[PDB]
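Here the complex is missing one protein chain, while the rest keep their positions.
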């Protein structure tokens, strides 16, 4: 199913009927509206004007379109901000932000909590029972513009309450943080402040708990809205639109209070911001890196416990990246089918028509400002026509699972120890390695069952809790643990047994020292798998095990015991590919050496081939395969679907 | 005529007579003093000490030197600052600046407005009628050190008043800014704040009006002083010293209240700061890029409605650039003759003698700190001797006009959409293209008559007002419009007809999409003019017109209809040169393919050839040409003047 993000409040009411009609002709079935309409729903404090919203919903409903309503807490009215100044967030620098853009509010502000409660309850009671309404989107991209973590007075006092609940006694906190160090000892929770603007570096345990707290604050803010929607809008789904490459917010945790996860895909923008090699940045400027959208579809399908939507899909050039190219001809269609192949229930485009005013006037839509259809429109219409004839098989369990963890991201954010150490970069590297082997991937959280997977990859899991350990023990196939795994306790301390901590119950090895190396410093690690120049991060492993790969000084780089493997160094794409290929073979999985721009994704017995260009490539379809869409020869920015 | 900037207050009174005498022997006729002497004119609040200033003026007058007095509002006394703390400006970060340097005052401060009024009136009444005084310079470089835009309380309230005058009703402002977007809607002007420190990006219309307002504040501050000088100092000219590569202040607008424009040329400093290719940064380290001074002489001659002075001319190394080389031997003379060739009425050097103390102790002067003459002195004296024998012909209208616009600069500053998009860079690129063809240029504002020009170039004019449109319609020769021209309405919105907006009355084409591309991403645009790899910025043009240049995907890069041309992509120096050359030929203009370091400028029937080095070059003088200065073979850092 296809949808679109619409803003009735940006156009003359006369255009509404025409818009709704063309949305239906285009083949769209869902429409999202209202997330930025607070100032229009309540221009004056207490004076509610539902007139236009009732009409807009009515207009869309008349064309048989399902409405997705978003609560408007992302952008509170200027009068509300002026009334309660405490609502405005304070950056890490200590400066109070201002009205003028969006997301100018703090998750700790108790006043904003009540203001949100009020408007959401009103909205929920009024439209909660409508048949035209299919569900809601809470707020809009929690955390965008670095807003998950706030540094105002409200946060400091809220942080103390959080800490007391977690530790009970200030004594437990002192021990956990190791406050004897640098005379940081606290006499009471009242003495603890936010971990910012400290002389020298702040305490890692202190900073991590702050990150945990910040994320929890967002979930609490969201939970409030979900409770209201469940009480006054029964039967209507509730979701939230997560972002690409964003870890400040624990999406796994927050999604527990949702019916399914949704996310906003802008491949070109993410790619322009990614530090890719020179050649790739140019090659994928108009397509996005081949795995940029796919990684997130897999992640969010996992975050949504198997269900997710692409609430916002790029339909043309955006406005916020340093460089904003136009998607190449056919990419909007490719991204759409890709999302669907990865299991997206709905792919909704942002937005229906390009706005001629304000901040995002340069952000394209399915239509230009003069209402003429833009390139994205024709591509979406095409997908609608193709989809009508192609009911999709169900999404099956992928052969490989990738264990992703938000907490891990916070830990490495707090203590990189190596300037080039990157959690997302490490995760992405393993992901692309699997993808280049033609393998489908399921992203899951620590503790989730690995039952049924041929093998699993854990880019890095610094903290290994009992639940996670159990899931690993019950694993039916091999599990590869990345560097720094099990290197921290829950309180951000080095395990008494040293890394890999709890994992030592599975692997008889100890990391006695780690190194972060300057770029360019490489040393070959070699063995039966091959020869691999490696750098950036290296660990000294003490173990009775014969390493599978050894550096020139004789130190091991990769170890294995039973079904468990441990990588003691930052992997290169080459090593990741060969190691993963070897595991796939051992598991009886067939693999393909896909060319640089080709990607595959299965759905049932069907196989989708997406060509990110710039030249045509042949789809590795079995002989006699029956093509449902496209042909064996896949042109650039094009695709193919067949029965394998 | 030649002059110099002098600081009597920096030297023992005994040196004054000797200085005045040597200024006359050197051949100087004008001397500027007093812009930084407030603390010396009023060391105690209310206690005026004109003793030294009366004597200094007397001393200079005795040698027959014309005095140019500058009002001292650029640097208010520490006691005045301590009295009225509101005077101190606040940076974009929200921090209050302090005394210690200069320009530490806000243009909005109503108190400073009165303090300025007072000191200027006193100064004007006392010296306004003196025969020794030829005129005044108001303040000193408005905006230096990013001081045009202030973010204190005074600015916020002053901005509201400005907005109400411009829009009348808050309704008109909401519509203009499109405040429905992100619930930015305002109930009254009282709710509008300064467009800074907002979460996410501020509204472009909001930010643009703030820039318009900031510039207007400076003009108002200046207008006050001009009114006083016109009332108490009749017959005495009034000017201001503008800066190189500075657009925060609308020089065209402010200069309307002046008799002529003046500017401060420091080629070496501007060049070290310019992002030039590696080879050029080294080649022109001691000379300045060949067009750095020339572009500004042309710009300011236009800003001054045909009249301008170089109030400050670099005579040796400066102190403020990351790298401060010495001008190569002969460059001070070259820069001086160049300024004169471009029509400068007076070329005044900063400064007479290098100060041995304070911030600019490393800034050279015509004399070293021990009073011995420095290299600049001999070069200036030489120009004086040469000039005495060479009365100059009048400045004629250039064959080509370049339409420059400060408002355009603000728009692109507010919305670059592409990280490498640069208004000054685009302007400079077209300028150097014309200059390398040996063509003289006149810089004019939008709306100014293009009557008499062979053809005109408009690097980019986002907003096209009726007056500008009219000037284009009445154009006698071709007009080339650069990318993004006519892409915005006065309220920073996309024209209903889409770009190029009003220009569509002249060119039947529409820009339906634009792209900003990462550096290195190039695609050949080809046609009869040649083959040109282009990047950075590209536009999709919908039109019945057959493009003159076409990209590999078939999209047009350059269009023409009648006398109007439109460039839909960022030009390379190669394209700019060939396109401009083709236009010159069509207009019957003769062109020359000047070598990299050679530049020409005419004055009457005379032609000046300036060689920026590093090696000698031949001046392309017609046969039998009569040389007034130099020879056909122009050594590096040297020049030639002949009758063509």
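Quick notes on this one:
When the chains are written out, they are named A and B in that same order, and each has its own residue count from 1.
We take it that a residue touches a chain if its C-beta (ideal position, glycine included) is under 8 Å from a C-beta of that chain, and two chains touch if they have at least 3 such contacts.
Among A:27, A:43 or A:202, only A:202 touches the chain left out of the display. When the omitted chain is restored, the residue from A:231, A:372 or A:512 that touches it is A:512. Across B:370, B:466, B:615 or B:623, the single residue that touches the chain missing here is B:370. Considering the full assembly, B:101 is the residue among B:51, B:101 or B:508 that touches the omitted chain. Even with one chain removed from view, chain A keeps its contact list with that chain: residues 93-94, 177-187, 191, 193-206, 415, 417-419, 491-498, 512-518, 520-521, 540, 553. Taking the complete complex into account, residues 9-10, 36-40, 43-44, 72, 75-79, 82, 89, 93, 95-104, 144-145, 147, 272, 278, 281-282, 285, 316-317, 319-320, 322-326, 329, 354-362, 364, 368-370, 372, 374-375 of chain B touch the chain not shown.
Note that only the chains that are shown with their structure count from here on.
Put simply, the C-alpha centre of chain A and that of chain B have 48 angstrom between them.
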